[PDB]
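Shown here is one chain on its own, the form deposited without the ligand, set out as structure tokens.
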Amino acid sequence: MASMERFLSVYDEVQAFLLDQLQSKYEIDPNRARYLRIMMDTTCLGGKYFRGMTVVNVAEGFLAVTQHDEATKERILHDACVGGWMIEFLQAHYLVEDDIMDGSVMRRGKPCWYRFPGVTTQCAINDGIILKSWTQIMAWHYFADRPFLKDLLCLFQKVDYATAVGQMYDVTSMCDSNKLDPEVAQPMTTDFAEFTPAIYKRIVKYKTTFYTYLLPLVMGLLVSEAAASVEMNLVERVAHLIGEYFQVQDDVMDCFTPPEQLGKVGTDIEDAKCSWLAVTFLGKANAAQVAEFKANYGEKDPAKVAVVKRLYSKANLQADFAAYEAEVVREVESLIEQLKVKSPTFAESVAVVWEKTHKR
């Protein structure tokens, strides 16, 4: 059995479990069950499953070097799939809510969930709530007797909290911190003093890296009962690095990828987002380039968005990117090396994560 085909089979099994429990215990009717089914499929399916498959891949890694009965291999893979799905659905929660928060139009070349005609924001906000509740329903049902249950549940919450904290950092990133105040409508930054590497890094680490890289790697370790075969500080550091690289690619794509090939129309310029382009561009601009940037950033007006793009194009940020790229290729390989001291297997699983991030 190919890993993907296992993963996907477990989706069906998990879906059937959740909906049948809704009928037997939560008094649901068939039409509401269908609604929730369509919501689950529309919001959890259709991506690459990079996060969920990472849990499966790390588990498979350890299977190849650890003695187990066949039924134990099966059990561990079924746990890897279930934990995988917890993370996918946790992402779906965040994608649903974030698309509402930001007033987004599309993702994966289809409309945001809230924009479906029969959904609306009133239902979608609560649909996103349910998606994350399902992660806990999954975990208590399938992992009830597992020795890893508490470590797994405790890890998952802290990543979830961290992500919501990252979300806060992100949607506040175009404000001046010293002006934050619930009483007072928040003006956009005029000095851009807080568009720095360290501030950028903080947004990305909390908003993305913990849920996309750390969570899947460490869940792989928990369901395999293999946490003591890695140095957890290394796992965190390599996760940070790959996570940050991932986002920098995703920031360069918002600006320069055709909207058709991005699965969405990019708005980072017009949302005044603390992207890697703006931070890096402000790291090398002259006075006059900075003044022009400020007059044109965070304006929905397309003439001005052409101006920020022209400034970025003229700025030669590709050279800054290859240099960042090179250093990250450097640093990840050092971390992989350090990871081979304890688990060669694990370090290989990190290498595979790194390749799939480094290409796309």
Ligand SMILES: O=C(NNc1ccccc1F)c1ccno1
Given for the second form:
Protein chains: 2
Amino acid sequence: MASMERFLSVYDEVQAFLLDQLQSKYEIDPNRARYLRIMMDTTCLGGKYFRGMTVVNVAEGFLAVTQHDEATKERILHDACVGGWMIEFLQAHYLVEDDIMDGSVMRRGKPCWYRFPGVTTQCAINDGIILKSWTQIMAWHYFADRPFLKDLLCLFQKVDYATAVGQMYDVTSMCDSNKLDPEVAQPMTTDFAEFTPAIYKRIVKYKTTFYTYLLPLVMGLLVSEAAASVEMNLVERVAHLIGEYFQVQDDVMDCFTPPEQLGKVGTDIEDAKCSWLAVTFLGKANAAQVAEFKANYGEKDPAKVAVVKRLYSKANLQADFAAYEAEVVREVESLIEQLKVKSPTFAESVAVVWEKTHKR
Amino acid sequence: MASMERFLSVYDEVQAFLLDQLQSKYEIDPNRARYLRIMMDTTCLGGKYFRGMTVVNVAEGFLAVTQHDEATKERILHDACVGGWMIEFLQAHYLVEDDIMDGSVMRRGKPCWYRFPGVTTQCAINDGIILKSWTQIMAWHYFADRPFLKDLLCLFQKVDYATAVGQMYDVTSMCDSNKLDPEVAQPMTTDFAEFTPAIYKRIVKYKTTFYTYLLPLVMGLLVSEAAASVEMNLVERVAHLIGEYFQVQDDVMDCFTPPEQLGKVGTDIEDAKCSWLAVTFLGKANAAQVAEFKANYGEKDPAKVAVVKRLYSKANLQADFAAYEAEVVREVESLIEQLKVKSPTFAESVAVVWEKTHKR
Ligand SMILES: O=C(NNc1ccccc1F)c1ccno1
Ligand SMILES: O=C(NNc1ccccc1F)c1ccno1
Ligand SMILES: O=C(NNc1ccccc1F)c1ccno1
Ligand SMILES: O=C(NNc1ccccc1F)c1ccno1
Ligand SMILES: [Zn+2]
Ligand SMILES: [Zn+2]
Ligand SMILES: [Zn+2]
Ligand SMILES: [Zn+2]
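Next, give the form deposited with the ligand bound, keeping in mind that what was shown is the form deposited without the ligand.
Every component of the complex follows; first up is the chain already shown.
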């Protein structure tokens, strides 16, 4: 049984469990069960399962060096898969809700869930709430007596909140902070003074790094009963660094990666997002260039979007990405070395995570 | 210190804790902290705090008959207040999201949160997610070492999921079940065959009774270390009965209670909700009356809404409400008697809950 295959098998299992429980304990009818089945498949499946599979890969590393009965090996792999699916479902939650929040059209080359004709926003908001509720239902059922349940729930909790706070930082990233006020409609920044590397780092640390890198790595440690193999401050530092780099790539692709390849039309420019491109541009531009960015950013007009893309093309941002990238490579390698003192095995799993991020 | 005063004092405390943590652990800036402060006050305050205060009232009943050091008494009351606020915040979550889902205009005589000029739907969806995340942050902080934490989290979890499932049942209550299909836009029922007392009971049991009555009563038991004072099947049965009755009242008020008194313009008729009125009407109407309901239900046109209200006025639904009410009174009194075998104290708290529901 290949690791991916085992992971996929567990989704089927978890899905059956969740739908069967709805029938036996929540009085659900078959048509609503089918609806939620489709909802779960449409929102949870179709990606690469990087986050889930990181939990499984960390657990598999420890299994290769730790002595266990066969049935214990299976139970740990099972737990890693269930934990992996908790992460995927927590992502599915955030994607459904964020697509609604942003008025997104496509995700992964298909319509966003809320756009399905028999869904609508009125249902999709609640479908997203269900998705995250499922994470907990999975955890309490599969992990009821596990010694790691407390620690797993507490971490999951913190990560979820970090992610929501990060969404708050992302959706407000084009406003001026001193003007935020629920009573007053928010103008887009005129000065772009909050488009800095530090502010960008804050948005990305909370919105993605905690759920994409920190939670899968630490969940793999927890299901393996291995959190003492590591210095946790190091695991945090390495997650935050790899995660930021992953977002920088995503920001580049939003602007430069053909829509068919991207699975959507990127709209970061129209949306005035605080992207690595905009930050990096503003960090090297002259006065005329800053002024021209300011005249054209955060507008749906295609001519204005195409002015911004041209400023980006001309400012030679490729050079800055290479330097950014070379620095993350230094730093990631450093942290991997430090991780090796206490756990070669875990260090190597971090190496794989990094390689999968760096080459894609 | 009156119980309400103590409850309110704890909101201030919890609020300060949450905002301070955002500053020391989540890198928040003051303007965003102010935004979330206002958000928390606007979405969490202004109601009667029935649900929160039930936790405090149950705990106070047990305190009057149980021996404890003074500092233990304070700690239990504190815990009950924190637990009460977890419920209020979980409600705040559902109200913010449901107002967005339904396109609601007003709540408690003020605009729904998403309608605030500096909020918008893009922020309010995420603000609602934060609200529920706060419930967990409160629980892990205040209850970290409590022997009841596991049981409290597991219950909270189940209730939250029940509530979401109940929202799914509510928002789909005007569709025909055999036509639910994410691919196909959903027509409103033509036959109203799913407007039955049993189907109505299912919607209400999950959408409101679990979070409004079951969770406050059981949380009061948990913070008191008293879950062995009770037969839990009885607590469930009494919660589900009082809760259904509370919703029947709310359904009546949606239609008949002046908007200034209601805090909003009820739109259950326009929305084709499966309300007690519609069910009860259909359960006694003749063929001509059914046909006239069918021609006029679930339409925004005020003349059609006023036809439905007149059918309701003429069908003498007051008589049916009195009979419904007299039956709940029999049944609630019965359950209260049964609760007295194991706990007079808890029975009496249930009596107060019922009296507060029945007279309002
Ligand atoms: O292919 C899938 N399910 N089929 C399947 C998976 C595992 C084990 C046995 C199977 F029949 C799949 C992809 C995503 N989720 O499930
Ligand atoms: O990447 C560069 N700048 N922009 C940036 C840095 C850190 C985080 C976010 C950022 F946008 C760079 C390479 C060489 N000089 O600047
Ligand atoms: O009046 C409120 N806060 N003032 C307050 C409350 C308790 C203790 C001392 C106080 F100064 C209130 C209502 C809703 N939330 O807080
Ligand atoms: O209340 C009555 N019917 N309607 C109903 C009953 C239980 C739950 C939901 C309902 F709408 C009633 C009183 C006397 N005859 O019918
Ligand atoms: Zn977004
Ligand atoms: Zn992006
Ligand atoms: Zn609603
Ligand atoms: Zn209502």
